[PDB]
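There are 2 protein chains.
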Amino acid sequence: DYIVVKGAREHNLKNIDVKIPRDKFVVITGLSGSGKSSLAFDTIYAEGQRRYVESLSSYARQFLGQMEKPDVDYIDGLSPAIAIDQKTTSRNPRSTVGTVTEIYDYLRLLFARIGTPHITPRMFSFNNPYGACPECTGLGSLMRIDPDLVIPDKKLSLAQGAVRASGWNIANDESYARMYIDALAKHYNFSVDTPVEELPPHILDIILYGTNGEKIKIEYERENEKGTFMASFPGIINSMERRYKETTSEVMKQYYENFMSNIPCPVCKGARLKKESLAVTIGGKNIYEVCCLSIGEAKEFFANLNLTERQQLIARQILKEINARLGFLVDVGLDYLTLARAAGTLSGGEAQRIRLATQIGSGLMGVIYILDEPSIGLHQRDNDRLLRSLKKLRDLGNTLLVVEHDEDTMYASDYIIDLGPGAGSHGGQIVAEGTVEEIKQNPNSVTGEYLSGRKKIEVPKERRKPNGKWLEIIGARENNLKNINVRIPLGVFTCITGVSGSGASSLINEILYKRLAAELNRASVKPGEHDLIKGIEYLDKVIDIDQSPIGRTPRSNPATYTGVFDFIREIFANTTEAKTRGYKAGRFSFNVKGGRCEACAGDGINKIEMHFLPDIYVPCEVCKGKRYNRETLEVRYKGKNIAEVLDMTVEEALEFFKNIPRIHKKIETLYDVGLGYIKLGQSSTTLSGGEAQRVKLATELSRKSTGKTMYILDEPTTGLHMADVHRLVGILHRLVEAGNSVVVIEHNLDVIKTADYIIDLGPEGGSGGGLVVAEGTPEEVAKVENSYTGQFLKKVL
Amino acid sequence: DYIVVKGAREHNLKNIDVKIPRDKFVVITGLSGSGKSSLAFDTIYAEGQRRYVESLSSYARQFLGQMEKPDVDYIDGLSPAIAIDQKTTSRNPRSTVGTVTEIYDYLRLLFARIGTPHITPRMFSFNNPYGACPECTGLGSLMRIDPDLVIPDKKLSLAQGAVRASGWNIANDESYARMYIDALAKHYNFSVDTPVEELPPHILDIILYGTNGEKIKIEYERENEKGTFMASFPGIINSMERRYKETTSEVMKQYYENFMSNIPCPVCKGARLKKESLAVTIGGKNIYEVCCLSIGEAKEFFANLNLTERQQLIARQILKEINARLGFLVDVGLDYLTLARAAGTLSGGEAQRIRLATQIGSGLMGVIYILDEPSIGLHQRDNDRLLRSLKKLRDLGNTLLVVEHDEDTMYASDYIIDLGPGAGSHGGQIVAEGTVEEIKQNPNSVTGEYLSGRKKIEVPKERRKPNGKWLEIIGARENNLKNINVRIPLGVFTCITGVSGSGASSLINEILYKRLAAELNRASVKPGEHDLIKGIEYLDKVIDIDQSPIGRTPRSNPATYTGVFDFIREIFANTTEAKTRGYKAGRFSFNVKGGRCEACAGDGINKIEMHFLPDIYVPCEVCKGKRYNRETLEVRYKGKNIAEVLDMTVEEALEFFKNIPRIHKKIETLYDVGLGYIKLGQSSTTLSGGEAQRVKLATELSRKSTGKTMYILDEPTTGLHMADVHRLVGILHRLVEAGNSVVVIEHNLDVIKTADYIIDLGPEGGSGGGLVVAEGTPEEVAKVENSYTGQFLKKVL
DNA sequence: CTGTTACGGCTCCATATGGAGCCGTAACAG
DNA sequence: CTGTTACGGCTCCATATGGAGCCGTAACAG
Ligand SMILES: [Zn+2]
Ligand SMILES: [Zn+2]
Ligand SMILES: [Zn+2]
Ligand SMILES: [Zn+2]
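If you read the sequences in order, they're chains D and C. Going letter by letter, the first sequence gives residues 1 to 797 in our numbering. Going letter by letter, the second sequence gives residues 1 to 797 in our numbering.
Be aware that one or more of the hints could be misleading.
A pair counts as met if it fits within one copy or between any two copies, since identical chains are not told apart.
[As the list claims (entries may be wrong)] Subject to a maximum C-alpha distance of 20 Å in a straight line, what follows is the list of computed EDC-like cross-link-like pairs (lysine to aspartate or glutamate):
1) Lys69 - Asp105
2) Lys274 - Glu621
3) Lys226 - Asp182
4) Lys285 - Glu223
5) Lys24 - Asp1
6) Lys215 - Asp672
These are calculated hints, taken from the structure and not from any lab test.
Could you put together the complete structure from these sequences and hints?
Okay, structure coming up:
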């Protein structure tokens, strides 16, 4: 009846152990990336997944992949578990919101049972060929490439290579497309220098859609081989379509869709079903009409249902389940959604909420549920609704482990596990355990210290004012915006906030950023609706802050990203011993040959292949992971070597380089970034989202002052303790005082309190918004009665 | 707290419903393939697997495969479940008995912690390259092809095609190997007519192992293409090795291993580890020495452990877990096994028992466990041990659903679910529910009828005697046989039985059957140890009875298998209307063109492809599944058509053809096969193991009398009710009275009682046997005190 | 009339080159 | 000394033909 773990040594697990009670509401929190989150993510979940997947069918076990065994000694009292992560999937257009909502099939069954034609339940579905629209083969649209995007260079000759698609080059002899181009030219007797615009329509059709698969001879003359073969040219369009059909990568899919556009099927149009299916009328509405309705209006519509007595009797189960699913969806809070809406077009938090609602509807109790950041992407009322839903799910009879930072969740929690006190070598130990009251009584918990109010976010005594430099965006009607006009000043720590799903963040991410990037940084991406933008001359450069990893290659290090490695190499080159040895400054760098270990090429790992086992990585024995030649490593400066510096700690580095101001300024920048515990040479892939964000903000701070720069941060409060939030707020204020501009779209109460100009967009999400709710100083905004954000700010202040 | 299902319509589920209590021991039983087993296998398990796999990671969901949705209305109160099926997997040689037993890692950790060199725990393992034997790369053997099996025809010329391996033909110009042969001949200037024996050693080495990958020109002259290319010939051996490495099919793997043999690595030899690893001595033994020990002797060895006080203190967990695992393995009853034994070399029942033991050791409680036929492959004492283990696992806190026929399991069960009364259209309804007592009180349950003793297997009043015709096998020492001599008479319903894992069944399946097949049916398979076989002239033909499907293609039907379709076609051809129409007798057959529907080619299904969906099968609209042309189907004989006859029922067919003795004799043979409920034209793939066995026995019965035939049945009692066992026994007696011979190796008490001559091999499984325990009439055998089977027979009698 | 063998026909299963992002280096301007 | 731009180099990710078993048909013997 307990989750007992002993001898855990994952990452920074200092052989910690704890007894987790079953069938309760326990929350684990700590410092940003302190290791408690990693432990909870990768010890219990990994043990359960291994103990389950293995015991399953062997073939399915290798199909789903063999999970790596953990370093924990033994785990007792475990159970099968599910993970509601934050990394969404592109999925396929065949997937639908109703399909993943576990409501489309129920709606189809209800329509088949109760609805009348103007009758098999299979015909109501749109995934089986027994009832499909042939025009779009059930897809709803028509993914066709754009002839104006593949080879728009009409004036360019055929030999010039107007078509820029990969594998279709015509100016390269070594290209695989050169043989096909030569065969087509032989079959057409047309000069390759003819312009694309001047090409005959028949020749253009043959090039695009192929030569109807007729027999044709293609000549091949390689360096050491020659001959000819009979084949057919499908054409550029057909080749691209086949490649897209055979594609299985999200990046390749996005690249291919960049040159294509799915034209909504005109025959069916949001139906993807046979005409006669729409004839089934239930309550004077169609299945598509029901699906396109909003969740709240759908609940209202199904509440006013009225039919025959037999229909009511048969509805004692189907309609009851439909009502329960609608109520669960309402409790999720994502009312600004449609059953017919595209599954892919959704936020990560929205996807997590939808998955939670589907799990609640399923009712599979007696399991372990591990969620991540439920508070992210929700308003205060949404937080209350999520807490109620979590309490209900716990009442269903399962033990839940959540990781978050919302104070209300901790108050509603039963047992709290805190790991600290610091991060890395400064933490990794269980500070305390028990309920909230004794956690507050505990004087060794940083979370308890923040709860007790000893350290609190003091509201600023003074607020900055605009300097007359404003950016004007008026008439934008992208997504759900109803031609809204917003006056956004620049030069202060202003922010935009509102209820969940209002779309203001979508507007900022899809219109303003795209326009600014196209204007300044020359980014060729089509933006959304945009009438006019003013104040363009005020700013010069714009940058973005996201959660993307700094680098996907192991050839990069955070020291390289910050550039301190260059100063270190220069200092090493300035050494008298280095000058005597004649070593170049470039030799003190692992990225290039000259000093790197030739055995592993500086990678530090070796690949070993087995007949019945996958690739195995082991440390390189020649250089023992030092990634430096012995002769190069023989140099010593101030009692330290280049390898030692690369393996050194930032906390030690700050005290080490007390006489190197050039390096020191970046050192103290990194220290003020609040990431001194991070290794100076940690692997780039090993970095977490918080670490990457800290690195990016440190790099931004180290940048020279310009006074005409703007920054956009997407939910910086995600994955951060209250002290981390305070540090981030201080960094934001110092960046604003530097002379740049800050744009923030978040929902943290402390961040809103620290703001100087609040922008409100509402008054409801989805179709219920599109108008600027209010604007002004936070004190003036709190005076507005018709604003949830204003009421929350007034309560906070 | 209940498993509630309503509106289930899977196969023959007549909208049945039932409430299954949770956390109990409930057993479901019924007629052979009555549908209750299929329901329990494919309703609850399918619902749980879907509700789990889906909610998991999406990418893993498509990796493991999307389970099809069931036809049930809704399932309430479900839980994640695991399935211990009977279909084993070939797996890989890297897999080990200790690995799947979850004991190899524990043993390695114990050896690392306690053992002393003559020290990292990773070096003890044999799956990581950090400690491996390079000779065999951890495999233990060396899978090399046999030069005496690839092209043994030394006298055959190179052009003749001595190498019979697929893709290496030399006598076929169109073969892909012809170009390589021509290139090799050009590079060697050797005549293709030279004998393989007369080929120079250098030429043979070049052919086998390749030409060291050197540059070579291969000429190609196709019908419409020509040219040449520079490439290298890896050789026959290298090509076969690469194909085996790239192989991913069990059938292809078996075909390739038919020409290969894994020679035990001589460097390591049952070690696959680095020399220094064997230096670690624990209790005066090696890790391999511990693994090769029997389970019981290993438990005894670890019981006498004695080390330092620190070792004992550290062993409070590791040694306790090892002892618990050993005790669980002992409770499994598979004492005749070794930790170092090959994982693949095991029986299906042994694999199921091992999986059950591993699951018990895991301790993941609060789940649903569905096993199949625990009694199969076990002795009476093993049945008691399995019942105790199941009771323990239920005490661990999980709800178990077992399907079996052992009376002891029903007695130990709490709730029993019986579905009947018949099969197919004659059953599919819940007969009764409750405990065993009220089940016996219920007069409508066939299981209760058998339990009450109203219908019982009467012991035969007289037993047949040998007619002096005997088969003598003496000195066979295959597997664990210790040069045993057995006198097996022929001409009576004799049988061989013993304790589980004795190996006598393995001896019969690996020596006697192989020798008989090679002698009579000309089967070229190498048998095991065999000194001499006598009485060969007594028998003429030998046949085998297994659980393999009758046919993997949908072009075959049970009517075609039994041959009644030929008589039906002849009768239809004899019709006056058919003679007037001039239709040939072959037209009344769907297998060939002439009368079949050209739209579906007689398949009856159509394939529809979608861009984002897999292949979909739908009934063919042109012929509506009748699989006959309209003009051909227009004929009517005795008020019925050929399509109607093909779709008719056997129970109706027996009354239909009362004036057709030629067909009637096979009709009543099929009826006596006890499978009248089966459709006369059911799909071959749709047939179950019991149905296939019934079909095979019916075909054997319909065979003309010869008096010199023998039959071998492998566990016919599997998947059969007590009445089904009675019917099978009666069929066996009638087959024996026909004039043939019957050899049975099973463990059913009723089958043993019905036997006339019992062969006993023991006295213990594995290394504890190899000697004939006893022999004689069942009454005389019961008088033997030193025989578990004899004691069981005496108790039964 | 029945069993066996041989042959033909059918079906299902099996087996290397181009592009984007990042790091290091050189050059130019303030 | 510092910031910016341009170029070169490096790495990781991406995109049809032969064989075994079965059914139907013809021929031959009892
Ligand atoms: Zn359409
Ligand atoms: Zn190295
Ligand atoms: Zn070896
Ligand atoms: Zn058809």
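Find the hints from earlier in the document that the structure breaks and name them by number, from lowest to highest. 4, 6
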